[PDB]
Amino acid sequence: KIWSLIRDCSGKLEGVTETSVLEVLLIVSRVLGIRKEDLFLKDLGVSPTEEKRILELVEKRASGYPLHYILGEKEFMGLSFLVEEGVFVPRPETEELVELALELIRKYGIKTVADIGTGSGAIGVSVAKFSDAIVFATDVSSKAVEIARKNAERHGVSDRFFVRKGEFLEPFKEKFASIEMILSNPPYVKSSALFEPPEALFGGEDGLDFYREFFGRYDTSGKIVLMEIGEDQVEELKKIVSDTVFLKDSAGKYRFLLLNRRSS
C-alpha cells in the first residue's frame, strides 16, 4: 500500500514536526507529482523510484531541513509562493500584517505602497493581488529579488509589483515621496540567537538594527509605516520611534508597530 508507507514515513517525523502526517501527505503528493487531493483515489500505488524519493526526502526532513524547501512552495494569504534555499519562507503570523495593510488601503484609498525585505514577495505580491495598490519592493538578496519577481509573474501582478535589489528603500529614491505606506517583516531576532538565510533572521545584538537604521534615515511624515516585530521589543521600540502604536496578533503577543502619520 501507500497508506503504510505514509504511516511509516510519519513516525520518522514525530521529531522536527508536530504535523508529521500532513507533512508526509504533502511530500508524497509532490513526488508522485500530484495534487494532494488525488492521494485518495484507487489505484494509487507508488512505484519504486517514487518510494525511493519518499524516504529520501523524508529523512532529508527528519533532520530539520525545511519542508517548504522540499515542497518548493508555501501557501500564504491563500496563494502559492515558490520558495527555494536562500529565500525566507513566509510565516503565517505575517498574513496578519497584510490584512491590516489591506484594511488600511481601503480605509484611506492608498495607492502606492512599499515592501522592504520582500523575500519571496509574500507581503507585496499579496497586497498587489488583493487591492489596487502599486507596490515597490526591495531585498538585499538577489535570490529573493528573483523569486519575488517570479511569484509576481506567477500571480498576475508584475504590472503592479516592482522589486529592486538593494537595501531599505535606497533603490527607489525617485519614488520615496510618492509612497504612502511602507510595509516590512524585517529581521528581528537577537543575533545573540537552521537553514534559512541569516540576512533574513538576524537583527543585530539586540535584534533591532533594522528599525534603528530605518527610522534613523527616512523621514516618514505623511506615510503610514506598518512593520512586524519581535514579541518583546515594544518598550525599546517606543524609544527609537516615539509616536507609534503597537498591535497584538490573533495570539496576543505584540506583533506589529503602526506609525500612522498620514493626515486629514
Second form
Protein chains: 2
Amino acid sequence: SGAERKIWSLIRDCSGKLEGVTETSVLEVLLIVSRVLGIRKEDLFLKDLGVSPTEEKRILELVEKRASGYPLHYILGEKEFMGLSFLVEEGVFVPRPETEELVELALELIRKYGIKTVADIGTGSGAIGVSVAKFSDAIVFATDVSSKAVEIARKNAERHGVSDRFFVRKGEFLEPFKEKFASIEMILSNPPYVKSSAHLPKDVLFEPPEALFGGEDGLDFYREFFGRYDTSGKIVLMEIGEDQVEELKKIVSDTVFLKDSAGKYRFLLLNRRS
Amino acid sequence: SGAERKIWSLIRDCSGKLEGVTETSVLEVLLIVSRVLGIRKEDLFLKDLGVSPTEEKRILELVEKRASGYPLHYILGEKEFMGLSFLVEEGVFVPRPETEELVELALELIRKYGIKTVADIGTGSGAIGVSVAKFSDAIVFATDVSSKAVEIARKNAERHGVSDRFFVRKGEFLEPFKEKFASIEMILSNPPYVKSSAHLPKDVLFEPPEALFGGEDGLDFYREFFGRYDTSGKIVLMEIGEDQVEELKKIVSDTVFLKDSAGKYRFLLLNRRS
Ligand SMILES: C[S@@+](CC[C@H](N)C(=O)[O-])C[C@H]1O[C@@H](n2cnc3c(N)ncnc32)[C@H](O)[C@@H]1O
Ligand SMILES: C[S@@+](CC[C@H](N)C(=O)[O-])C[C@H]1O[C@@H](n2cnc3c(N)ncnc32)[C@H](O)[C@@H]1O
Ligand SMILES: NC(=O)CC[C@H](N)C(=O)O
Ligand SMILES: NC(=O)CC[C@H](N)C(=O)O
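Next up, the form solved in complex with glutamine. The previous block was the form deposited without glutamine.
Okay, now the whole complex, with that chain kicking things off.
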C-alpha cells in the first residue's frame, strides 16, 4: 500500500507534535492536511492519495505553526458554526461551541413569540446574527467596535445569502442603531466577560483582546449595557461566565440563568415581553 | 527612581523571555512597551512613566506572543520603511531593510533620467511603490496577486498622501495594467525568491507563503517575467537571492548585479533606456 503509508505515517508524526497543545491532535492534523492538499476531509481515505514533497513540507510548517499555540481556525481560515462555514482570520474572535447553544435557544424563542427584529451586539464574525437570519425570518441589526469584525461579518452574511436581512455597523452596544432601538424585540450577545486578571491560554493569546476582557469583574459590558438601556418590552439573551450568576443578579433583576450541556451556567435570559 | 524601577525591571524580565527568538531582544520589548502605553519610543525615559497592572499584564502577554515566534511587526501593526510608517498585518509581507536600498537606487535613477512612470510588481504593503511616489514626482502602477495586500497598499497610499499617484490593482505581474505597459519607464520589484525547500525561520512562518516561494529553484518569478515581457527602452530593478546571480545570468543577459550594504548580492539592474 505504497502511498497509503507515508500519508498516514505523516499524519501520526504530526499528531504527536501537537499533543500538549490540543486533545484533538489527530483531528486537527486531518484538517490541516486536507486543507493543504485542497481536498475535502472525506477524500483523505481515497486510495493512492498522494503528498508531494512540497505539500509535505507545507503540512509540517503549518503543524509547527499550530504547535506554537496559533489558532487552528486562523490557519484554516474558517470555523463551522451551526453547520455553516464562517470565515475567520486574525483580528476576529473564533466562534465557540457554547455560543451555538445560545443561538438554538434564540431560535426557539423566535419561533415561540413570532419575533421579527433581533439585535446582535459584538457580532464578531457574525456567528450569532448571521445564523439567526439564516434559520428564521427575522431581520438582524448587528454591531461591533472592531472595524475588522464588521467587514468580516458582512462577508459572512453575504456568504450565506442573508445580506438583505443582516445589517452591521461599527460602534458600541446599540449606539449605531439608535433609530431602531424601539423596534428591536430581542437583544442577543456573547460579550467579552473574562476578568482582566484571567490567564490567557496560548491560543486565545492570538485573538482580539477587546473580544475577551470585561474589566476587573469581567462584568463591565453587562453593567454598562443594563445601566444605559431600557429593556422594557424586550427579551435579552446573553452568554456569561460560569461564576457570574450571583453578581449578575445584582446588575439586572428578574433574570433567569440557564446552563450548558456541560452543566455550567452559561446564559442569562431576561424576558420583559409582557 | 521608584516608578522607574517598575518599568525598567519589567523591560529586563521581558527581554529575558525573548532571547533565543531574537538578538535585538531589548529593542523589541521597548517597542512593545511603548505601544501598550500609547507613547513614542523617545518618551520611554520621560519623568514618571507608570504601568498599570493592566498594561503590565498586556505587555507580558504580547511578549509571550512574540516568544512563540509571532512577528514583532504584526504585534506592532506597523513597520518603518524609508522613514515612513507602513501598516502591516497577517496576510501581508513585512518590508525588509534591504529593500530600502533598492528604493534609494530607484530614486537615484528617477532623479537622473528624470523618470515619470514606474511600476511595482508584488507591492505587498506598498513599501516600494508608495515610497517612490512620496519621494519623487513619478506616478506608480502597483499590482499583487494578494487581495489583502492590495487593500493595505491602498491604505498606506492614502496614509501618506499619494492616492493620486499610487494606483494598485489585483492580479499577477503587469497584466492588470497592460494598456499602460509602453508608458512605464521603470519596473521595480522585490519578488518571492526563496527556494521551496528552504527552512522557514519561526516568524517568516507567519507571513504569506505566496510572498516567499519561487519554486524549487527560487527563480520562477524571474523566469516568467523575463520570458513574457519585452524590456525594450525600460529600466528593471529587482531584489534577488544572494546565491542566484549566476543562474540569473542564464535567465536574463546584459544584466548588472549590485551588492548589499552587507556585501551580499541583492539587486539586479537591467538598463535598456536608450
Ligand atoms: C466574544 S467576541 C464575539 C464573538 C461572536 N459574537 C461569537 O459569538 O462568536 C465579543 C465581541 O464583542 C465586541 N465588543 C466588545 N465590546 C463591545 C461593545 N461595547 N459594543 C459592541 N461590540 C463590542 C468585540 O469587538 C468582540 O468581537
Ligand atoms: C516579498 S513580498 C514583497 C515585499 C516588499 N517589501 C514589497 O513591499 O513589495 C512579494 C509580494 O509579491 C506578490 N506576488 C507573488 N507572486 C506574484 C506575481 N506573480 N505577480 C505579482 N505579485 C506577486 C505577493 O503577494 C507578495 O506580497
Ligand atoms: N464571551 C467571552 O468572554 C469570550 C471568551 C469565551 N468565554 C470563550 O472562552 O470561549
Ligand atoms: N522577497 C523575498 O523573497 C525576500 C524575503 C527574505 N529572503 C526573507 O526570507 O526574509
